[PDB]
Every structure is written in structure tokens, then in C-alpha cells.
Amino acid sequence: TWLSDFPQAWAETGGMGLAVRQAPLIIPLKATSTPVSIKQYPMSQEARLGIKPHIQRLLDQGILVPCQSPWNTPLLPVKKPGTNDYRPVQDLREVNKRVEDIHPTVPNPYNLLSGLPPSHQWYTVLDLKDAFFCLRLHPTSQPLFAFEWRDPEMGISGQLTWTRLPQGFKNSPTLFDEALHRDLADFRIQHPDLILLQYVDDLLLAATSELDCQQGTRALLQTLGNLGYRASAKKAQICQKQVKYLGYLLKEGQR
């Protein structure tokens, strides 16, 4: 009854996340970075219609808001099947170029697994849904990610931007990790007898007894939901001795 007891912990029934303990993130520019406004590319009506639903709900979620910036980058309609079913994808490459770098705190997977004792044979693997959107963007920096939203077949607005850390931003991964490591510190302390592996949106908890593993998973789920994060209950793995994580298959401590 996991999905049951932790309603606010799952994306499926907890609703959009929002890391409240985190202060709006400010994105430092390079000393010589000056705004770049690239005009939106033409888009077949089918494509424009394909991404409309998303945009809409994002606006409704206050994740996208109307604005006016000297910045502006194109929006690209991508698909997976033959070519149907589109997804909005913004090309932030020029913004990334003008943004200030930061030290990659994220530990590569291999060494990340190094810190894993055989003593803990029980696993739980969670992955957060829309990890980035849980982190607020400081108003000052929000202008950097604006893009133009039109609709020749429906008058429609103009330029919109993000209010949360966006997809395609070269530092979202690193910025998110740091954030989560900060927010899961208290947990690590309150459960010295557990091993929490953290790699951005991908989490791994390991314990000695399947009993602990479960008690651990609850404290964790309770905490995640509490702090404002949501994990995909769908693709989740709870209390096992064989679990697939970061592309490695964990079996008794193999891979």
C-alpha cells in the first residue's frame, strides 16, 4: 500500500512538485555575456497544435508566465514515433554559451557505486518526475529562458518564460543535485544505518534487512513528498535484492 500512504510523494497523485526549502536560483552570466534574441522558426500548424496542450498546462501550473525579454530562443517540436506526437523542446544552446560555469559536483556513476557496502542487500530505487521544475528561478534570471509563443490560427499572446529551472539548461543537472543533497542531509543523519545513493533525479536506498529497507523507504517517501519532490510511482522499485540502477544491475552486489 505504498502509493496509498504517501499521496504527496508520488507524481501520479501528489501533483506538481516545488522544492520550498530552496531559494530562487540566480544564474550568473559571464562577464561578457550580452543578450541574444533569436527569432522563432516557422512551424507547421500540426506541430504548433501538437505542443499546445503542454504549454497550456504549464501556464496553468504557473511554470510558464507571460513576459518581455531581450532574450529569446527558438522552440522546436520533437517527436518519437514515426513523427507524430510532438513535444516542445527549446534550443537553449546560445544561452548556455553566455552563462557562467560551475564546478560539476555530481559524482560519475562508477565511483558513486564505489561507496556501496555488500552488507546492504536490500534495495529501493526512485526517480523524481520533472525534477527540475521543483526548483524556482529567481525573477532576475527568469528572462534568460524566454521564448516566443504564437498561434497564427488563434491570435494568441507572444513571449513567455519559465518560473522554474528548465530542461536543456547546461547546469540544471548540477544545480538540482546540490539542491537535493542539501535537502536530504537531515534524512542521512536520522538514518545512519542506511545508504542513500544520489545521482540527480535517480535515487537509491540500501539497507541490511528488508524490514529496515521498508521503514527506510517510508521515511524517505514521507520526506520527499514533504520537501516538495515527486517520484514516478510508475517506474519505481521497492525493497528488492535485485534492482536496475543507473544502468547497472544490482544483484547481491554485482555490477
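Shifts are known only where both forms have a C-alpha. Between two forms, the rigid core is the largest collection of C-alphas that superpose within 1.5 Å. Positions refer to the first chain, counted from 1. What changes on going to the form deposited in another entry:
- In the overlay on the core between these two forms, a shift of 2 Å or more in CA position is seen for a single residue of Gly155, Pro117, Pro139, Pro104, which is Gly155.
- In sequence order, the runs of at least 3 consecutive residues whose Cα atoms each shift by 2 Å or more between these two forms, relative to the superposed core, are 83-85, 153-157.
What does the same protein look like in the form deposited in another entry, given that the last one was the form deposited in one PDB entry?
Shown next is a single chain and nothing more.
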């Protein structure tokens, strides 16, 4: 009943996340950067109809808000199979080129796993849902990610932008990893005998016994829920001696 014991921690039962302890992020631009406004390539009705539901959902969630900005980047008619799942994909390359670089602090999977001791063979893997959207963007940095949205049948005035850390932004993974690391520092301190590996939104908790893993997982879920993050209950691998993490299969202390 992991699902029922922690209603707030699961994305399926706790509503959209919001890292309440994290201050809205301010995105520094390179010293010579000036806003760039790239025109939106005309989108076909089919692509527009596919994307529409997502845009409305995000507007309802307050993740997207109307705005007028000197910045503008293109939205793409992206999918995968044939012409389904039209999730909106923003081409933020011209924005990324004007944003100041930050040190890449997210360790590569290989080195991250090196920190997994043979002594801890009871694992719990969790992946946070819509992780980036949990981090607020400071109002001053919001205009930077604006894009155009039109509804030929009288819909929206013009531009919309993100109030949360967006997908496609070059520093989103790193900024999210650093945050969360900050939010989970106390948990690590409260559970010295537990191993916690973090790779952006993918978490691995390792314990020496099934009990400790159970007690540790309870604590982690409780903490994540309270902080405003949400884990996928569907994909959760709880207290297993064999789990799939970052492309590896952890078994018998191997990999």
C-alpha cells in the first residue's frame, strides 16, 4: 500500500509538483546578449489540434502564462510514430546561445554508480515526474522563454511563456540536480546508513537490509512529497534486490 501511505508523494495522487523551498530561478545572460525574436513557422491545423490540449492543460496549471516579450522562439510540430502525441517542443537553441554557461555538475552515470557499495544490496528506484516544472522561474527570467500561440478561432492574443524551468533549456538538468540536492541534504544527514544516488530526476536509494530499505523509502517519499516533488507510482521499483537504474540492471552487486 505504498500508494495509500504516501498520497502526496506520488504524481498520480498528489497533484502537480512545486518545489516550495526553492527560490524562483533567475537566469543570467551572457554580457553581450540582446533579445532575439524568431518568427513562428506556420503550423498546420493538425499539429495545432494535437498541441492544443497540452497548452490548455499547462495554462490551467499556471505553468504557462500570457505575455508580451522581445524574445521569441519557435514551437515544433513534433511527434513520434506517425501523427500522434503532439507534445509541444520548443527550439530554445538561440536562447541557449545567449544564456551564460554554468559548470556541469551532474556526474556521468558510470561515476555516479561507482558510489554504490556491495554492502547495500536492497534498492528502491524512483523517477520524479515533470521534475523541471517543479522549479519556479523568477518573473524577470520568464520573458526569455516566450513563444507564439494562435487559435484561428479567436483564442489567445499572442505570446505565452513558462513560469517554471522549461524543457529544451541547456541548464535545466544541472539546475534541477543542484536544487533537490539542496532539498535532500537534510535527508542524507538524517539517514547516514543509506546510500542515495541522484541523476537529475532519477533516484536510487540503497540499503543493507530489506527493513532499512522499507523504512528509508517511507522517509524519502514522505520528504519528497513535503518538499513538493512527485514520483511516478507506476514506474516505482520498491525494495527490490534487482532494479533497472540509468540503463543498468543492478543485480547481485553487479554493474
